[PDB]
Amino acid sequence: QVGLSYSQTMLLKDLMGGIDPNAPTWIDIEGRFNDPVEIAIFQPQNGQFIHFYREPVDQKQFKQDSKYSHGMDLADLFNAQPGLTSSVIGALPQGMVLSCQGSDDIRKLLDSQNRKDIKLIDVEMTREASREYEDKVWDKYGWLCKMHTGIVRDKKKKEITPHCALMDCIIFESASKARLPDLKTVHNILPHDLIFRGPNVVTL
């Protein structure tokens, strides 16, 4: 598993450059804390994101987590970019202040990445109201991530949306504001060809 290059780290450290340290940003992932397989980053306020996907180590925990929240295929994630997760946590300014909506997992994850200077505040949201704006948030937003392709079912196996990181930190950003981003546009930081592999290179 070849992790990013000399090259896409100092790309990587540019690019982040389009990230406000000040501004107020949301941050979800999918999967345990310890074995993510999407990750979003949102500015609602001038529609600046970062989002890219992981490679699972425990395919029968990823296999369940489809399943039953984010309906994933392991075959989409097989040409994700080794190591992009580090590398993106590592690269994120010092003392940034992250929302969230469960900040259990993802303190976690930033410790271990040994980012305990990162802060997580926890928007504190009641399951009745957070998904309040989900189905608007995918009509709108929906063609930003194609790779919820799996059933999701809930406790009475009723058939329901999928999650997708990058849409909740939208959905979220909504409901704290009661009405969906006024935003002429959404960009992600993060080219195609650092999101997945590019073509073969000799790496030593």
Contents of the next structure:
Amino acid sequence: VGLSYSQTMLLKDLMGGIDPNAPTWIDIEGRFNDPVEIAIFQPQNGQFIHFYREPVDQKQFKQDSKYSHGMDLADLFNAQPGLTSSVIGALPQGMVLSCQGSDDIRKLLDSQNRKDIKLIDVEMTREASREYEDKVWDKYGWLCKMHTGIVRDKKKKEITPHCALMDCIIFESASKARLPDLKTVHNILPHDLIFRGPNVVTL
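Since the one above is the form deposited in one PDB entry, can you give the form deposited in another entry too?
Just this one chain is shown here; partners and other molecules are left out.
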């Protein structure tokens, strides 16, 4: 099951709040073929798209949880199915998205037949992200409270979890070399659309 007709109508309208030409960050958690958290962020206006997805492969999700995003499988079951394909399907034509690790984002977009969406790959030096990582989580951490489980670096060293949304803001900071301060930052997607509503008959 995916988005109902009405939910798709809603999404269509909300996506109008996206500037087709504005510089836009995109980041995902989970593999390209089985994402669990998607973030699309426009720093110029502070508008972003942040939502979740239930992973097919749960074994790989726990590994990625222990090694990367530290997300709980319990929080993702209530996620609205099909949302990932609808959002990417709803993106403006020929949009240029900035990202880190374009390889997987390219596959994700290609799987959705969005070969029109070009990608600017922007890689962050460890020290550049090291500097802004803490600062972004403090200011904007209230936006995502899904990364509760502890994450571990090599040698069993605890580190800060990776959030699709925080990643975007951190990437924006480090590439622009300054913490971006936008008075208003908000998710265009309502809670009603990010998470499952009541089960409905589909014919």
